[PDB]
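Okay, here we've got a single chain as structure tokens, the form deposited in one PDB entry, with questions on binding and movement later.
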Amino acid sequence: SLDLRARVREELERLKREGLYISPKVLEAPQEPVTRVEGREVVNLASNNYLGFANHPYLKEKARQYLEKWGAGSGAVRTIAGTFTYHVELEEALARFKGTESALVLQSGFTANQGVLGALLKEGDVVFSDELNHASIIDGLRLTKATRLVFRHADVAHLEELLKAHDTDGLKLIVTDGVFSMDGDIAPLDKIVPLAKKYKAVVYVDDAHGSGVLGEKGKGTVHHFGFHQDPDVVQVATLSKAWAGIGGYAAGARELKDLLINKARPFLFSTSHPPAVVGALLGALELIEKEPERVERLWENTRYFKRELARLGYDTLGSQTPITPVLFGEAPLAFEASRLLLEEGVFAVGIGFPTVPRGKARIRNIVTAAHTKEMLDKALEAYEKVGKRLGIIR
């Protein structure tokens, strides 16, 4: 039998041979549109901080008030002694904001997917999953006894063919990202939801990258498509991206929240979030109502950055959200491009196969409300210099 170091080496030297081994960088200043990496100031386009909330004094003061009042830790799972007044306050504020009958907060978007898919799905159920769904959705589904089918990315012709072919006396669940993390495209819920109604299916939307981004005042992708009051639409999304904390929520029908409280394994077995995290998120919800112009500025910045990259000759892959991939083609060129950007004071991560297709390696950039014109123009200047040098633009 192998020992631990022997198994570690076999896995690590595999990744190193594969060109898959990661050496993460340590950020040396707060999560902001300008930050410090390897001792140098950089324009940061790598983070999920869409509304510039992650170091906003308003969230930090509401966090500080809840910290001082309630303490450092909840000290139990929600179902034993870890539900406090402040957890209830945040679920009421979220449901109000989402426009859904109910909201439940869980330990992360990652565990929310396990909890909600696990609670909802039984043996004999059929799941129809978009090809390009977030990894956390796959782990949720693997823990269920449901039949798992995959439809080609955003392909409602294929989805329909599968719904047609796979009837059940149980539940049909159509499972999609709201906004896909890599290409920044929006799930076609305008076609998926009606298809759901034809073949009696429930729609499950993991809106990590749509929450605080799409819809009126950032109420999300489901709100954007107008389906937030539909009891047969279930929404899950992280509180770690636009909302700039940690946690994930489940929102929809009244009855869903009671089922999750009683069945969701991460809710039953993992400690509830502490006062400072809940304080910050109550802050984030109050701040986005006080400053709806933040969402405006996120989209203005996004449109400016995509338009200027198109002018230089770059392909941003039809991205529809602040997720702005810049195509470099092959993995090595994307990684070299990222290295050269950092030399220019711009921090944005190269992504290639297996995370994205062969021939579709990109640098992933996420535009935020807190980026200034000078910051975006510095990124553009760097992309111009690096693009010319690597012969992807002229």
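Whichever C-alpha set is largest while still superposing within 1.5 Å between the two forms counts as the rigid core. Positions refer to the first chain, counted from 1. What changes on going to the form deposited in another entry:
With the rigid core aligned between these two forms, only one of 327, 29, 67, 342 has a CA shift of 2 Å or more: 327. With the core superposed, residue 357 shows a C-alpha displacement of at least 2 Å between these two forms.
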Contents of the next structure:
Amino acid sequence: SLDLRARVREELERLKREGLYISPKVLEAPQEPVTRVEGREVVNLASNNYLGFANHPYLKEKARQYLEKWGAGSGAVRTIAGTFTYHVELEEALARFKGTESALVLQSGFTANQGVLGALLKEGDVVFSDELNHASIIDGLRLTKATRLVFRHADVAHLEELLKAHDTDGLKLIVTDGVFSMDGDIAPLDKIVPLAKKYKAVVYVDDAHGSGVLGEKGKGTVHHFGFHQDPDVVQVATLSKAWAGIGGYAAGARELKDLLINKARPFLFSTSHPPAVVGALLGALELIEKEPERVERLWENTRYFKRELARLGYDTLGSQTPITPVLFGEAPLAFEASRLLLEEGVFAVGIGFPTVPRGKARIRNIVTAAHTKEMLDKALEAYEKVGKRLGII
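Since we've got the form deposited in one PDB entry here, give me the form deposited in another entry too.
Here we give the lone chain, stripped of any partners or molecules.
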């Protein structure tokens, strides 16, 4: 009986009633630590441009080469006629970078979770998910017949308790964000991986925010804890953030690759990526090798920034990564703080309930290697000012 326009109207009203309705801003200059929003130069702490690569001329030149050479599109899925020399070149470079036996590029970090989780899990397997796991993962799991258990965030005690209570002639898969998207804390892999080996279980790390951030040259969270050649650790990560393009990889055992080619639904049914994207990611792996400095500078800036927000008496939720949250509780106050920051030429988006828990709305700030001190001090200056008016310092 219900019409379109009508259903859409009902649903936007509900979202406005619950305080959750969002109005995305449009950026009017390239993705850089300083950019234009609403016709004003702002300091940009909303991006995931961790290494300053989103507009770096090296990556742009590599993309230009490959675009000219090969074209604007693979005309098909990898498994029919969409695999070209350049996809292999990238997967070869990725594995070598990662120090994994293999690597496979899929169409996003988002679909990577669906693809790998779907390929790996059957009716009978048991999954142990961290409760704060990214939405991308929840969707992946929901498309499998596996028994889904949740453990309290980063709680290795509760995790162990659950591993004793659930066993299988099949597969036990512990699943965690490597770096938690909105909280900015690191999965305790030092303790999780050992625990995993004690109970014949496999560890799956979604390292969207660890890739290009954590470990020697940003080889990632797994590589940082030194578990990268363990055949019972699987890692999937986006190439959209620090590597500043699009797509996600799945890295580990040579035989894993060959399973995903055969069983991963987004690899089977969705076009492979064009030359320009693959060019740019080849470029990015080349660049981080030439310039490991950038990763140091990312952390100097992170430390400086977190220290000052602490000095001013902001709670940073014991963040350990360049992700530097500031909690506002209800979403309306989060969006307001965002508006006031922007008035001071500082861009940091308020985040609300679909994306982050109810009663736990925040502003995520994301310090990058490309941020200069001048920029970081302007943001703090503004955070001081905006914090005074709301009387939270």
